[PDB]
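Heads up, the chain below is alone and in the form deposited in one PDB entry; it's given as structure tokens.
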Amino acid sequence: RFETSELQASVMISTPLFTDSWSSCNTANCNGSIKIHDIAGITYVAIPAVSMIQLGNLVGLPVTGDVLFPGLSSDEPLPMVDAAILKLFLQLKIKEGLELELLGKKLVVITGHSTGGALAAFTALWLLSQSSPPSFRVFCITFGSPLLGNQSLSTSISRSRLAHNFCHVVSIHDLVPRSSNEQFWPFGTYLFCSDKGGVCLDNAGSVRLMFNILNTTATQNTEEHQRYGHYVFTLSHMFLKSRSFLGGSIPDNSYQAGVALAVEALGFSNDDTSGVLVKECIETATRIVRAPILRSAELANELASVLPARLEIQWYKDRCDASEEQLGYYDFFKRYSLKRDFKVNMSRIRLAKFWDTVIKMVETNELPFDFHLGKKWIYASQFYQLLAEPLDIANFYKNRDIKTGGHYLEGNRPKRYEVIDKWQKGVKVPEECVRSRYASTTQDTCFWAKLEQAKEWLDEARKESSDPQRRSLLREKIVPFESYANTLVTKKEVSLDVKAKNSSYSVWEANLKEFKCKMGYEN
């Protein structure tokens, strides 16, 4: 491997964006207003630093109002944000002015200082967490902003893959970002800088540990604005400056040398216990793992090795739909009568295990970000899903308890199918060519669950009290499914299995027609 935290910090520092953002923040602080201006084709929006405001209260994200966060998660741990920041954002009406002044822009950089930095981070979060991604790219660079957020909010941001757009510069001597309640959780990349260089940390746990050790450090300062100015001034000229980098005794190892250089760049010697603890934290920041770039290429071999299970499933489907009984492969698998059903169950279990392993590897961040953007992987996932989801539904309904009507679309759908659907959401617009014949497989993988729910509703309607209003309500709730099925059939987007003489769909249609004829409802 190779230590690159200091390399990432140097890359971030060398960009003109650092100096441009610092100048914009200084101008906004001097003028005391939100300054929007274009420099070198980049639109910088600097939020002035406000004060005489208390921090610490946590109320949570708004649920109803003009501002909303559709992209944020809404699980049991509710994400929370500082009440003061939200109140200031609502009062200042930043949204309207920003959307008015950002019309037609291509590159937008939001910046601020301390409370201004917190407001800029909140504005960037609001811009990114919307129904659709903004037409312009954003980059929230904060200069010593106070900690805001929560563990749930940080986890949701990491899951949403939005932490790459946030960068925070925290000095090794300031106390404002390091004085906060333990409920607060840092998010995004954090740059720790000093008169001899900087380091970058993109892990919440590593950033929290660094904050804790800096808190335990005796060296502290109260005046941080002049320190930040001096730090940025002396870091903007690091390119035209080569130092000895003696590092005491240079270790004869690439990783050890890199860690020692990173520790020395922070002004911490290799003699005090603080330096040793910093070295340990830096070492634990980066984990050892096989290179994702090689793993992505290697995944094709096991994909090919698991492909024979899909081939066996295809052959079983062909045999079932070519049989004399014409019960459909879904119903054939639903009724355990032959050893081929057991073999297909084994193949389905193997495929599910392989895809669960792949999904777990993806969520572990052991693969490149654009892994899910690959056309081959998306197409393979779609092919696997379109062939395996009906089998999983049939297995679940066969193993479903009689009185436990949890169904398949009411919290029992595996997360792998949801991730596959999210991947397929990026597929380009399909052609609207008219299909000459029925498709090989049903386009909708959730058709069978809806059919089972409709059958249950029809059975409940047939076997119940008179209640004419209840019958009317149940028919009203049922007929959307009938219309959807008719649309699918007329579009020839369903396989021949649903069109079989003895298939479940045909039986349900016959039962519905018999009920309508017996009882006489229109349509």
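Numbering follows the first chain given and starts at 1. Heads up, when I say rigid core I mean the largest set of C-alphas that superpose within 1.5 Å between the two forms. First, how it differs from the form deposited in another entry.
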Contents of the next structure:
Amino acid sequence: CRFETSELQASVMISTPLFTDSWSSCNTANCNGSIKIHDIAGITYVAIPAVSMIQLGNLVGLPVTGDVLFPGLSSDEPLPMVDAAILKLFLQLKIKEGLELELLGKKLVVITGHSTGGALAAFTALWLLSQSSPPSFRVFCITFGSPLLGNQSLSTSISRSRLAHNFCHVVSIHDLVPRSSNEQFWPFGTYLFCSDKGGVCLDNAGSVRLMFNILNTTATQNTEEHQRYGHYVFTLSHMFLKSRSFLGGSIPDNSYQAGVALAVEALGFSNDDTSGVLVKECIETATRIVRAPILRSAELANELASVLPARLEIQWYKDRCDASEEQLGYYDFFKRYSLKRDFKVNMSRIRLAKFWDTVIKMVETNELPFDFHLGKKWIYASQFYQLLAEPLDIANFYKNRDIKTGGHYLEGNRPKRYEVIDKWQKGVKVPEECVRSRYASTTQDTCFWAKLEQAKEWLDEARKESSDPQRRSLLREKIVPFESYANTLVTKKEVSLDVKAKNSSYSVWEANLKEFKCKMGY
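To complete the pair, please output the form deposited in another entry; the form deposited in one PDB entry was given just before.
Excluded here are partners and other molecules; the one chain stands alone.
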């Protein structure tokens, strides 16, 4: 990385009218003592005032029963947790009812607050963005000198949801409130550290924690700095009229070094002091990634073309199975595993799995563009791959299964890449239902065979001479739904020719169920 961008990001943010408009709204809300809503030049500002006395420091879990729910956040363990007082205040002030009426018909909304009002504003924005259906308007959140809201699990959940770039926390380097919380509290979002000389943006939770530590150990405590944000905003917003040069010694010859030195100077620290070096290391550590994602994403097409022949081999194996005289369909051929071509197609399957696991890991680590999954090419390539390959993974699981202590594929044994690809499929415009004149070249439901395995187990258990008649009724209420779903799939021509092969497991199960119904008098 030859280019530092921490100062440029802060300059971009400070030069916009949202900066000043949101501060104006916050100041008015503080003066009034109540929530203020109004439009300025086509953007609605929701300012929330600062409540003088509330007890902070007690964390509690997010609601899961009440009327306020965050279905978009992770519910696994360890659990995300928030401050109890903020939730209590949000419930008390009945912000939900006010916003559900005042924001109707709006297009752009900025929620903002100062101090405890800032914490409440961030909580409100997170609630608005955490629903199952994305809001009909756009949302941004700006806070000024706000204390921390949650713990590490909440921060990680927000980051994994791709929501951390809707927040911007403006913090003065002499303000103690944002860095005076107990160690269980973690930051999230983008932080803008500002002084009398400029600002710097840090986006990494670890870097923000390190900066908090540095400021705690290398600063003097002035308790009246919580009332200087208007002065800071005025100074920063008017800085554009004068030219600002390096005031230290001589700038380093390297461009990256010069940028780092300028950023260190933007916060008031001399580059030859003891705290200047710590700040320099913090910034350099924050700004560390390699191999520009645009170029990486362009390159990936060659790697896909490298791995494509394995998919072609799976296609050829499917075609050869379709014409065989045994007439099992390629799922049962692979499951039997009694020929030499099965081992080779296994090779191809493993290669494909490795490639797509690497791609998903790269997406999750920000080595690719933030909008990589919205590309048509990659969506359709992943769809093609899954349609061909998932049945063979199901056959592998049910081949290598310990019959006694072996669970089921869909009951917690599905690979992660297939779930991520199913999620990606929700992009791209929906297709109009064409008229099908033939069976699909592949079964469009990629988990059909796992469901058939579960239905087969249910039918055998009901058939067993020890089957309990109550067990039998429950099992029939489990068995007839699958029969109806499979019949609908067959009549719509959504399955391939292999599902209809003479000696495939589906035909055998169908004949067995017909026999069972005939015997049982149903």
